[PDB]
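The chain below stands alone and is given in structure tokens; this is the form solved without the ligand.
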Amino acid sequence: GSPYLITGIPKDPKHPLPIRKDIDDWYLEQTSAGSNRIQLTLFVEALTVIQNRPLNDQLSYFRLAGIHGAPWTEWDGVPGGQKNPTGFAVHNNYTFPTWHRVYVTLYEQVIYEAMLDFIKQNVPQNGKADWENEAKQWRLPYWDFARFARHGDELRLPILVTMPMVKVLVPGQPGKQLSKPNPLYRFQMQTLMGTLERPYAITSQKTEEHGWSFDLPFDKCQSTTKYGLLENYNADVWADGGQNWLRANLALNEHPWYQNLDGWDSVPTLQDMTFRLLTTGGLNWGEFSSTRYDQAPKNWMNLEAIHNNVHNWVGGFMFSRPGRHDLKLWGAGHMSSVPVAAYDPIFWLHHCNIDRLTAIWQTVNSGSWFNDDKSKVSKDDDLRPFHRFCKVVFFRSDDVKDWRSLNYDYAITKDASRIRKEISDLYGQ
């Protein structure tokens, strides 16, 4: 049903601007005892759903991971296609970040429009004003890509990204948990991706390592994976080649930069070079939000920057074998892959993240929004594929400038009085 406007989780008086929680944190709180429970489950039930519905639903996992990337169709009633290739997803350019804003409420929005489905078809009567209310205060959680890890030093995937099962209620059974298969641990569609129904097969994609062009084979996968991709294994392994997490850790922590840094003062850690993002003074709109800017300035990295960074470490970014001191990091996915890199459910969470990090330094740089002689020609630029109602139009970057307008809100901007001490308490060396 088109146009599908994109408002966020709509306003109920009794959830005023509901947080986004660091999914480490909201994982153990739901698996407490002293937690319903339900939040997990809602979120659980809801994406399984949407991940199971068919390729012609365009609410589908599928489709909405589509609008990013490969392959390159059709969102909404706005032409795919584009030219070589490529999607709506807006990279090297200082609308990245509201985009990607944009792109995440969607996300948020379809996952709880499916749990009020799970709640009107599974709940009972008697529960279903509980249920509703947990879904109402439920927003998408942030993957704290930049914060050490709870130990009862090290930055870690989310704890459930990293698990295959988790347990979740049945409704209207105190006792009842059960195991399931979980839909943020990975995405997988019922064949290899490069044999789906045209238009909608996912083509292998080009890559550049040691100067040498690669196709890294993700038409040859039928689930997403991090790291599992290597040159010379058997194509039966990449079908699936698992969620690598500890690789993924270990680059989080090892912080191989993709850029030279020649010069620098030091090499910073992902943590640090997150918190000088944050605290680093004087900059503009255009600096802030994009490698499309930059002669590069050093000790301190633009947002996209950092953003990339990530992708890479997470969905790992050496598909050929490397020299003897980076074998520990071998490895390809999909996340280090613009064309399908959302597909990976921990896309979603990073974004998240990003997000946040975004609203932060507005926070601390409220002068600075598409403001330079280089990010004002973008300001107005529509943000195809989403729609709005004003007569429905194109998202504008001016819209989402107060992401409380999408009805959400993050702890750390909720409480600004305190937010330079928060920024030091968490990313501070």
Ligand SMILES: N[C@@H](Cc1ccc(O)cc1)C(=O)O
Contents of the next structure:
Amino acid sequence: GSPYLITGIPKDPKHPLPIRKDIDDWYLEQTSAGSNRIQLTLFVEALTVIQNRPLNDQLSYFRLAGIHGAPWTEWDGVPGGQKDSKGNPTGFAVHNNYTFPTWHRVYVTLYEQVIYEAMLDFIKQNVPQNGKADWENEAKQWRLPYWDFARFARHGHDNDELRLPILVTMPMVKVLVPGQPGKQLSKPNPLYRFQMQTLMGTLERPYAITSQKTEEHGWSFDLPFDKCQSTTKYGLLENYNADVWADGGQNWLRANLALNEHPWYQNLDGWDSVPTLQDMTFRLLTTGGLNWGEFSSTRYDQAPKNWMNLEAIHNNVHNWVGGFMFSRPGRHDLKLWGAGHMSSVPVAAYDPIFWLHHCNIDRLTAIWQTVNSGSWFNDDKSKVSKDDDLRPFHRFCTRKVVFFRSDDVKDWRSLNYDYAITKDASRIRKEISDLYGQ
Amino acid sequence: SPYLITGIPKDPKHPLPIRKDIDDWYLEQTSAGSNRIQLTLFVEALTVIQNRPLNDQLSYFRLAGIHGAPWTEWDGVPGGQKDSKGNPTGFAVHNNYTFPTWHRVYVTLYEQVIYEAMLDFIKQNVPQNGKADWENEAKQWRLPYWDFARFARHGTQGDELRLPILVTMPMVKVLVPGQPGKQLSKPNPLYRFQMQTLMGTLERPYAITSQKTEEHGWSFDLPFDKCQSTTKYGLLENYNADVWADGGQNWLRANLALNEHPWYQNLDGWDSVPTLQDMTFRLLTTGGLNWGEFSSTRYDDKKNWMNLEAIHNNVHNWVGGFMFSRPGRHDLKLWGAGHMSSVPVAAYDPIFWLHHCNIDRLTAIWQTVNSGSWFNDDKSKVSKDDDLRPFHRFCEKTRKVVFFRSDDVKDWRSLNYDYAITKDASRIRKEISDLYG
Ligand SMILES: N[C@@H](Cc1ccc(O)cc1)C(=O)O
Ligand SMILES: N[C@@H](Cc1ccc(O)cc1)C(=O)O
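With the form solved without the ligand in hand, show me what the form deposited with the ligand bound looks like.
Complete assembly follows, chain above in first position.
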């Protein structure tokens, strides 16, 4: 029940600071002969359970994704129905403020924690007694993988492309049947998409997902998210029959094309060059002399040239994954036509890739902190936001339950996870160059 | 065996029913009320056909298998055929003047099997009070065609050629026959076809192998053995094979290719580089052509028009995806390979049949406005009496079982279907211009 305290996965002394791994490396390991495949099985089975929980269960997938934006309801006893300065419905998520990274740090941890708890439930109910200890130890080693949107994907060893995760592009995934070596079962992949049993605009009150406004070429459109049963990447196009919109597909080739063509939304007039997504990410991590406000948010901003802040890169990756053009564009942009959930703040968190993208945004924040350790909400602009309550997330302090604040998560290790790149801090500048340097 | 192909049987209350444009038909079914009986029949019948086992020669897999891989027997007619490269090949005719007539019979086989499965479905699922109405809809149904050269409608004249609406929907809503008012969402059997295992591991002799293809002068083995599902564009070199198991229905990329029309033929010296619509217009309206020139790439055996088979070859490539290996950066937007671009496995994708239904329609249109042009030029006359194996029919005169021959299907109405555009010869030239000019 409530309040639901967010702590990260509990500490076990024989599992010191387990790491959140690159989801492609993790998937390739899990599906190799030298792995027991238990973590993949647990993630798939737990996330499937979470997705199938009912709407009145605040730890259902729908309700956890609902924290971020639409349908703008309460969560954990904290009221929804909030409004923007524009007068428009808004959710709990922070955007365009210096608490963007820290709000999302807690959010990603909540998701990881709920998954872990569901893994433990799965083990109790499905694993032979003599195997539970082994399966429990795998749950305790597991952490939410990140999608490294700036790292070139692996392409074999006998022959330079950014890609959506392997596992995100698979409609089905094979998992273990506990206690039955050699037998796998192919199941719908809960990372491929999220769908409800009806169009999301018809869910029981107060949960219905509405259409969402967007502006394209100086014109307002309604992105028809109310007419979707499933999340989609690029599958919503104007003047297509609404039965296509019900499930417009996971058009991952178009997402990959966008990641590698990097159509930045910003005006890059006077820039020395147009950086790729990997080079922009490299510059984020290596440009010296920046304060926390400049790194963290679009709020700080006439803007700097030849590098981009964390939130601005994140914004572009969202558009490129989900699809950002509903109406038919000009001839040269037809190759990227189509709209989908990840491009729209009110509904992006319904696409399971949301959490993997935000896991890497958390990683980029941790890396930047590591090489800029004296820069934390302590310039004239960002200092005012430092003690904002990160609603709706509760923690125990006092002997009182209170809202999270940014200082509580400055050290991400207090939430009992780490990243390989930040664990080995001595190698960090070399690793940044190896991964993202041109 | 033998399975005697007739077309859907003649019913005096149903004179020459028409094969409709599948997008018009989909809207007729869904858009002005829930007039969904034919849609339900087609979905339920094709689902039954796709779930039949390999030992049933009227299963989807075995019917698609007639065309190409895995190159086995069908209807008591042996496999073991070789193509011009000395490789294993199927019964399908390509690069000969019987290309249109072989495929005319093949599409009719598919339609007839579906109709027969519709009748079984009605017997088993429709209550007495509904039988007349459902039987009437089945007897009216014919296989819809995909008009790849007509702009998709908006709700209004469109601007874009597109895959059929229904082909791009993973799920489809159908009627519950005994329960008027109730409907159910089911997997759409037109969206894709898949087996229960990777197709490369099916029992002998049905396993689908990889298929060697040339790209930019070099050989590649398209990994169709590693697919469980058919795909449009989802097979890319140096992707993990777990992706290849089901590479998706990447219909946006197919639509992009249809509208960019990257012809594989060298059009050096042409007046212009036509769009798909205009190339189709030219096919139907260029005067003074003979059957050999219209029907096949064999005639020229390589001016400002392209023959039926050459257009069909490009559309197959554009729907299925024709680049497995990664191209240069300027062409990345169309990277990816899939079943419809590959003769050995194209028939597994359910759009194959809708495409070939339109190829049949284009042949019927051309025949209508080129009366007398039929296997009678110096080149195509030798092929006129080829047996169209493996297709059997009952010859009523000798009361014998024989293979189909091209002259048996010169009049497509003898197979008891027609096309709206070919009903009135006074109207056809105007309609060609209205649709494609
Ligand atoms: N569409 C936003 C980017 C964005 C999308 C979804 C998000 O959750 C966050 C940011 C933009 O163009 O700025
Ligand atoms: N790939 C063939 C075209 C084709 C593909 C499949 C077919 O079934 C028929 C033709 C070509 O490029 O010529």
